[PDB]
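In the form deposited in one PDB entry, a lone chain appears below as structure tokens.
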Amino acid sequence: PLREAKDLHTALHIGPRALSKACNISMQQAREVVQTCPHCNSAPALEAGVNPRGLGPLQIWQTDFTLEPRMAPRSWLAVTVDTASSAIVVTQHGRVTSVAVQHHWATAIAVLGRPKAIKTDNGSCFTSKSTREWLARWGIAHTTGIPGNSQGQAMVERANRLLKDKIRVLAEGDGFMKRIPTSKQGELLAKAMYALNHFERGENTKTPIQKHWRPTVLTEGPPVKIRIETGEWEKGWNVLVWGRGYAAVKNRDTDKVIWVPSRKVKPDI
């Protein structure tokens, strides 16, 4: 019966099927009666998101710093990535100060073209005064991420692991278990850069040295259904790119291209 169950729960909170048992109560009634004690239940939460990217190259550069223990005299490595055609460039330094960053942003521009956004974290070196005037002199935009958050710069964070693994396996090739001699601490990063740039990565089709010079840009996409807040999938959108876990959909009549998770997309017809 629908009696004594309320006080049984509010005194000895237990499972729904157990409460239904010994009281001949249906599963639905048990559920609706247990979903009243705010101390119990109310589990689900949390959502997700993606990092905006750039369709064309030279738009969304990212940069960061690291520390290599076996780089004895000056570890303090700096790395930059393109986030459109995945190419990387590294630089060596001995002390993290806001002259090293300015020096580092002088070989990257020489090697690649000229970017338009250098979004990074909010470390003390970047958010200085001498750096803002230097940046404004060239004329590049600048933005930062949420303080404390680490997943914003996911691309460079992931590339760091690959860089470290490659450098380690190359170091222990001729035999060097400790800090590399300073004489040979030179023409060793060049080999790593060459290997990581002018060759295929994983199982992809083209090197990110031609994927940068001659990229591919589409002009229209097949009809596609996209999930909305409600269960309904809206149609009338056009996809632009579709990777492992992201999509770059665009409206048919307003041109408001936005990036969404790759789960909320299905083909049409």
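Rigid core: the largest C-alpha set superposing within 1.5 Å between the two forms. Residue numbers count along the first chain shown, from 1. First, how it differs from the form deposited in another entry.
- Of the listed residues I118, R114, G186, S42, only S42 lies at a hinge between rigid parts moving between the two forms; the rest are more than 12 positions from any hinge.
- Comparing forms between the two forms, one finds the smaller rigid domain rotated against the larger by 7 degrees.
Moving from the form deposited in one PDB entry to the form deposited in another entry:
Keep in mind that what follows is only the chain, not its partners or any molecules around it.
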């Protein structure tokens, strides 16, 4: 008897379990009477497409700025990370002036080389006329994320947090609770550099530096199963890289490389 069930949901908007228990009704009718109400199901599907990444070294770079209280009066720091190799370059400045980014990138070029693209937020001086003109003169791409979410640059942001942690560790292990003397600024910065780039982090068996200078890229990945957008796993692609977080896959015919979350891919057979 689902007529009283329909009336009960319409006049009361009752959950399926109670509807089943209150009118001697079972699984099915409970479901297809509870989904009829549009008001009972509005939100519960929010898509999550989460995938920035580059493939090879000196392809995609990220950049943000940091306010470091210990670095007074030169608190502002510009941090740059190579997405492929996770190497880090930072420099110290006093203003957010475009000239600082001019210098910071120039040093970053000298240490790592010339990348192809640089992703960054729409900072007050990142999109400045002089900055864009000089960047074009150097001849490298520039792509700003969505204007307002400091989350598309998650790699440089996490590297920022990590660098702040490391520099504070060194400073307050050197006996400086509040701030660093102007003398020790460069020594702290360079020691942090050598600590981070030249020593592997976490559990990966690869140092960031020899990751950068000795990159490994697969020319032909292994077959995998792919949660193609239609909703179900499909067979017949190969994963290029499968990071701890997220992965890149390649077609067998179209040879497309796309960045998808690791949940969308599982190994073949």
